[PDB]
Amino acid sequence: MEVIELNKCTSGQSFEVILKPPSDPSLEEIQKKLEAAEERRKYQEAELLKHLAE
Amino acid sequence: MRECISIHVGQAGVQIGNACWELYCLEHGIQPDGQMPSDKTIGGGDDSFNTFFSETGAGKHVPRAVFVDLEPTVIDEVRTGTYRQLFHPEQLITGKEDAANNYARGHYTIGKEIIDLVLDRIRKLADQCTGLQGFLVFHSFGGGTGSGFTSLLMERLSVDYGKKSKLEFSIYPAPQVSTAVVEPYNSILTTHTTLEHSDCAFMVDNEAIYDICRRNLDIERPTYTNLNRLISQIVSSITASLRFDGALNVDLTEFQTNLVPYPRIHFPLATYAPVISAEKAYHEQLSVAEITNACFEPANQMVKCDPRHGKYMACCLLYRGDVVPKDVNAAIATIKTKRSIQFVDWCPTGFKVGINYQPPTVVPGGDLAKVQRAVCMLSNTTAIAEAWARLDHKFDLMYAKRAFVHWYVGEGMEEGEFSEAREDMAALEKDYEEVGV
Amino acid sequence: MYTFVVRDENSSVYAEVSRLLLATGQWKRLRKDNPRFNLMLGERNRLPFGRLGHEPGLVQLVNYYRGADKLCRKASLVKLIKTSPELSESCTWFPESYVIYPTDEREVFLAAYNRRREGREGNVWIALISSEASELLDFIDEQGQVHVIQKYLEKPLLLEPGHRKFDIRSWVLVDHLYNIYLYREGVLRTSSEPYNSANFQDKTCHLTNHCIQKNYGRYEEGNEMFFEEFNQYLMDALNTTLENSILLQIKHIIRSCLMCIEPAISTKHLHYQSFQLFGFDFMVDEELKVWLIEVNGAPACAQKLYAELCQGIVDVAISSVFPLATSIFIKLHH
Amino acid sequence: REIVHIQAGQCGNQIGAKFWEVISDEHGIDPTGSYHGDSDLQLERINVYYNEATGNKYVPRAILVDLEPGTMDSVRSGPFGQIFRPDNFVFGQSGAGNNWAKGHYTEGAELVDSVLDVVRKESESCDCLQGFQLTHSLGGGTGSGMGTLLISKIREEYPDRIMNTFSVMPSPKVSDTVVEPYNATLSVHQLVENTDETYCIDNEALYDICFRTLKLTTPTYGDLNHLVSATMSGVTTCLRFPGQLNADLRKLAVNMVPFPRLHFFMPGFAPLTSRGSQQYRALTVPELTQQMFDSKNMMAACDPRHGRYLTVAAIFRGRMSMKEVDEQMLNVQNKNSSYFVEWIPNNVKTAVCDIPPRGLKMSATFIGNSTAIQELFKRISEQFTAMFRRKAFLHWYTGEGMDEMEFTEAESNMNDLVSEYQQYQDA
Ligand SMILES: Nc1nc2c(ncn2[C@@H]2O[C@H](COP(=O)(O)OP(=O)(O)OP(=O)(O)O)[C@@H](O)[C@H]2O)c(=O)[nH]1
Ligand SMILES: Nc1nc2c(ncn2[C@@H]2O[C@H](COP(=O)(O)OP(=O)(O)O)[C@@H](O)[C@H]2O)c(=O)[nH]1
Ligand SMILES: COc1ccc(N(C)c2nc(C)nc3ccccc23)cc1
Ligand SMILES: [Ca+2]
Ligand SMILES: [Mg+2]
Ligand SMILES: [Mg+2]
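Protein chains in written order, with my numbering: chain H, 1 to 54; chain D, 1 to 437; chain E, 1 to 334; chain Y, 1 to 427.
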């Protein structure tokens, strides 16, 4: 019912209508997580190459 | 004037980026080469459109956009396509091999080699800004690059640009058009890693867009081009307030203020009307009351859910075309008495309204018809948690047997990260429950 | 070949429905967790409505209306009648009722209690039945959960011979198109021991539940009087039919209750479809005036009528959506 | 995204030559290597299987391997023989004599280094290598023993690349020697560990299709290879042609293989044709969908009704209603939902290519990871134990240095695979 904050211009207009009232990880931590994942990849490839060496 | 940088990641992000930027160009009267005949201040300026376009001395208007894919094929079509002259080569970043539908391959393996290059190219656009306000990120939940690389980038942007706002345009996975069986894994994984780093996220369920295209546009089997042209119309409605003169949603901080009172519950539901077929002979033009009424039909929503069995935290109506305030208030009064609109007890039961007099621009030879008036409603309803429930259930079914998990572990990721991501999602589902009943 | 899933085992009604569906040879039952179903005969609690209508190439239907618990819980029904303009505070078919929490409308309840006291008229209430307000409130806190304090019907219609109390149960099925179907056969759940006006402690003659009664089986088998016998009694004893004296008011209450909630629960434009069977419970007073007691979300039928109602549920609720390769219902028009 | 193709042994080279014959026709390449097609859709991803030679002449990225000169001379003097790079022909002289041990340990070990030099030379030309596809039988000596020796060595030098195989299974119905269950079991043991994807081409099934359905009362190897090359064309369609799904070997592996060991696929094809006689009535979309899922059309002699589908990939070829394709594909899943695992949601994916194969207006190819494939491995295991319990014919293997222990281990790993497939049939 109550029409507040009415602002007009050439492009258009905007308003608010109320009907009823109420009642981060750092760069060092990122580089660590990515490299810990690379160590697990390298280990799994090394265990594969060791198995194929046998 | 405060500039915005658009970031398009993966197939879905890039292709939607094509659609959005083609649309922005037609709206501001910018030609495929980059010239803007209506623009009088050559080589610079701080008009409302300059939020999305920078200017060269030659008179070219270049998007503040960066396209990144771990695979060359999709951006190669941008490089050679009708809008090749619009972007400068440095804005378009491509890898050798894609993430193969694998989050871990996108985030950890192939992500690590390209992350520093991307942030450097982002820095090149950011250093052209006199007052950067933040980023608009376009990506899929389901893709390997879209899920994996996006969440790594979102982490890094919080470090380099900590004081800035980050908005998401995300593609929720749908079996109808999906490319991968592991898309529920990718979706839960990216949501968990991105949740703290995103300020407002607009979810788009491919299922909803697909049915709208079948039902309203009479397209038998909708392609990505069909979906993207529609998605771009919705994106354009959301972004219009940044690109045009107005007093509602003028900056990215206002999106958080107007739509997101609870930082974690930052997924507003978009609803758009009307979607009318271009090759429909004789169409009775819909009034303000009719198109506002369509904003509360679930068949017009970007996510299929029932707002009646949930609570609202915020509501925006963004009109484009022949619309006056008096018509809007009359429509709101009628709708309130006929429908179930339940706000939370700690919020005003109200609507923030923005009208732009310029009627929606449609792509020539498109599937969409020219309309006298259109509307996009953005509402933060607890009902959108239904989409989380669906996705979490699909995740649980696969994870119980540890199906496909070995592909993720093989890229260096740990099995603990899966269940950590699932716990955060369980917490998110709980947040919506506390607020919503 | 249509497909269904069963998620309520305790449901005596839908056990017979799942039996009847298989018997046609055009329905196959799937496992509980199979998403690829046409029909769901779902659980009473925590039914996952958000998962329904998301299977491409399948029309999905459920045997419950989402949001219809607002009519079926005692606390919710009072709140719904009191707030919705279609029913309003001055509802004349609903007894004076108040919502009470254990340590809300306590001061509002006591204001009506004093008007009854200073008016020196009948001041008996139900929660368990007592005449004193301070002895009722102490019982509510002693239990733990939320309860409704309702005006007790001190002067009910009493069946002869016996001087007995009763309640009427009506079975109502709302389909996917929101047609309201009242099943022609109702049942009178009777007291077998005479209604005592003075002693409210005796819970056997005041409450007409099928479990509390189980003089059981004296006048009719299993304390259940059917509609033909009750019509016949009213003609002989009061010079009126069941249709006029009682059934018009019953048809009015059912229709008013479900018309009220329609915009909140309707699945007219949704991606999934709903139907639901309801149990409306009615009290009749000595002046032949009908009062609503409770609405049931998961009602149980009476033994004589199980076969007929369950075939009706298949006919108008299930087969109307999924057709196969005289009507037992009265349609309440709106 | 480039693929290196290797063909080993008689069977491997025979089905391999037929593969290049069929797919060159689809891409519009004559036996000289010149392009004589009309559609540009043929050339968009031609780099996947072909290298572009100077003078604009295409060359298959194909390495031809055998321990005998006999079969490769049949390829060279054959129809499309001139298209293959003459250096990529690597041959021994004395053969493998249907002996896995000769292929893997003695005769094949002498020649394997020469093959790997050619593999490396092809790999260095590649902008981005996807990995490798091998065609071979498991019943012989070269394709079986040396083929699995190659895979093991290729995995050592390229551990971050995909290994795909087309593996022909032996049957008593189409039998060269008695020792084939020995050779197959020794091979399967290697494939379970060293491949990402294996197409199980059962000779039993190819025979039964030729006899029962195609009505050929005494089928040759040529009749058998006709069904193989038609399937091989179909399964590689999404690698060879641009679509909505830009598919590669890794994406197929990620999406089809829920558990690393269970990577044995049951291929299917509709409509079933024989050579010479052309069928004139084109099939409707409901007919293709009904046929490709039927056990009579499966290239592995398993009954899918005796198991459950973990994942399915379906490729429809020709000009047709994609709406009707989607409707029919959903129809099969909904009507038969008990035969698809509930714990992998939306486990059936469908792709459409506009280009049909030779002699067909429209066709359907089926790639299924069913638990019913255990029946194939049980059959080989039963034939193995019948001879091995009496240590029969074993001297051909111990004479080349193998111990009985190696047979017991290979028997064990395949029996493990069988119970591993059985695990997901119930829970
Ligand atoms: N709406 C829309 N959705 C798309 C489009 N392209 C892909 N998708 C959806 O995105 C999901 C797959 O993600 P993609 O973006 O294709 O994958 P990607 O980010 O390139 O990652 P990889 O290819 O796995 O490295 C699926 O659910 C598709 O339905 C598009 O142009 N529009
Ligand atoms: N389908 C098919 N199977 C074959 C062909 N040639 C041989 N085989 C089968 O392969 C097995 C023998 O392997 P072969 O390739 O001749 O031995 P290799 O040359 O030492 O590898 C037997 O089980 C045969 O049935 C062929 O051209 N097509
Ligand atoms: C079970 O879900 C799947 C399964 C396979 C895929 N991919 C990647 C496909 N790869 C290839 C090479 N061919 C196909 C043909 C037809 C359909 C898909 C593929 C995607 C999803
Ligand atoms: Ca300017
Ligand atoms: Mg991609
Ligand atoms: Mg031979």
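What the hints contain is simulated information worked out from the structure, not anything from laboratory work. In this text, a Cβ means the ideal position worked out from N, Cα and C, and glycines have one as well. It cannot be assumed that every hint is accurate.
Said to hold, decoys possible - One-sided excerpt, in silico: chain D residues whose CB lies under 7 angstroms from chain H:
1) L248
2) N329
3) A330
4) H393
Evaluated hints:
{"no.": "1", "hint": "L248", "result": "holds (4 angstroms)"}
{"no.": "2", "hint": "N329", "result": "holds (6 angstroms)"}
{"no.": "3", "hint": "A330", "result": "violated (11 angstroms)"}
{"no.": "4", "hint": "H393", "result": "violated (28 angstroms)"}
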